[PDB]
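Let's start with one chain on its own, the form deposited without its partner chain, as structure tokens.
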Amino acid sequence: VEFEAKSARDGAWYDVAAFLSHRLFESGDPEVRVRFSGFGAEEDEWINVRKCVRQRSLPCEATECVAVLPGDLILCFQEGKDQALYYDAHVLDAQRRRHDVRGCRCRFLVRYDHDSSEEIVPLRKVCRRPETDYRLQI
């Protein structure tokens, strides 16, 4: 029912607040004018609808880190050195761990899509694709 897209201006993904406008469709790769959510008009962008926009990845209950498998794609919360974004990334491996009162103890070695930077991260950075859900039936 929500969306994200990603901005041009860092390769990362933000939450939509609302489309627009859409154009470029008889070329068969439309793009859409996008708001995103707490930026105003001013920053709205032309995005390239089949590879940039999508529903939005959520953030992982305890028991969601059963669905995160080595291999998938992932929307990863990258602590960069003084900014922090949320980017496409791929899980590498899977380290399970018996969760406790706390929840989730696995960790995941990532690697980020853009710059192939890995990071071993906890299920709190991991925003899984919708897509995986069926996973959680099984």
The other form holds:
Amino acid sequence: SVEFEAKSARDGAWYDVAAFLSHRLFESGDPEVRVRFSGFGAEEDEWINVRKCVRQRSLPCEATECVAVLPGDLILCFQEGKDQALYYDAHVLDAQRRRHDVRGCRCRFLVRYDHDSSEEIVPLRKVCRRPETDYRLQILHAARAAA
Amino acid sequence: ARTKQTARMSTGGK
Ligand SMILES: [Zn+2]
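What would the structure be for the form deposited with its partner chain bound, given that what you showed me was the form deposited without its partner chain?
What follows is the whole complex; the chain from before opens it.
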């Protein structure tokens, strides 16, 4: 299973990491790592900033995990446009809570993409949360029960 | 890990 994702210089989108091949520039305090992306090959390999542009993989959200998605959060969000659909950093502007049903979460999230400042209302299917929001599932168990 | 939605890529240029 993939553990990490990395931001591509081509498009500013985030992609799953297949392997870290090498690293450099540690002595600078700002190391880079040579990334082989999942589903791609050697041609798409990049040197990527370790501190800011590599991270633990975002978590596709299901069911009542929506309680861990709050206004203000950074999320990784699937941006479906006219001719492309890629995962981009976005911030949640608003969380509209709605009745869950047999297919799970019906909540709607107004998001703003960080790279183009565009705004969209998305369903939970498009939302991947950062692992550092997991703790909220423990706090908000009663909200999960309510949903 | 759960599967992400499949990326759809394009060259741009329109
Ligand atoms: Zn929900």
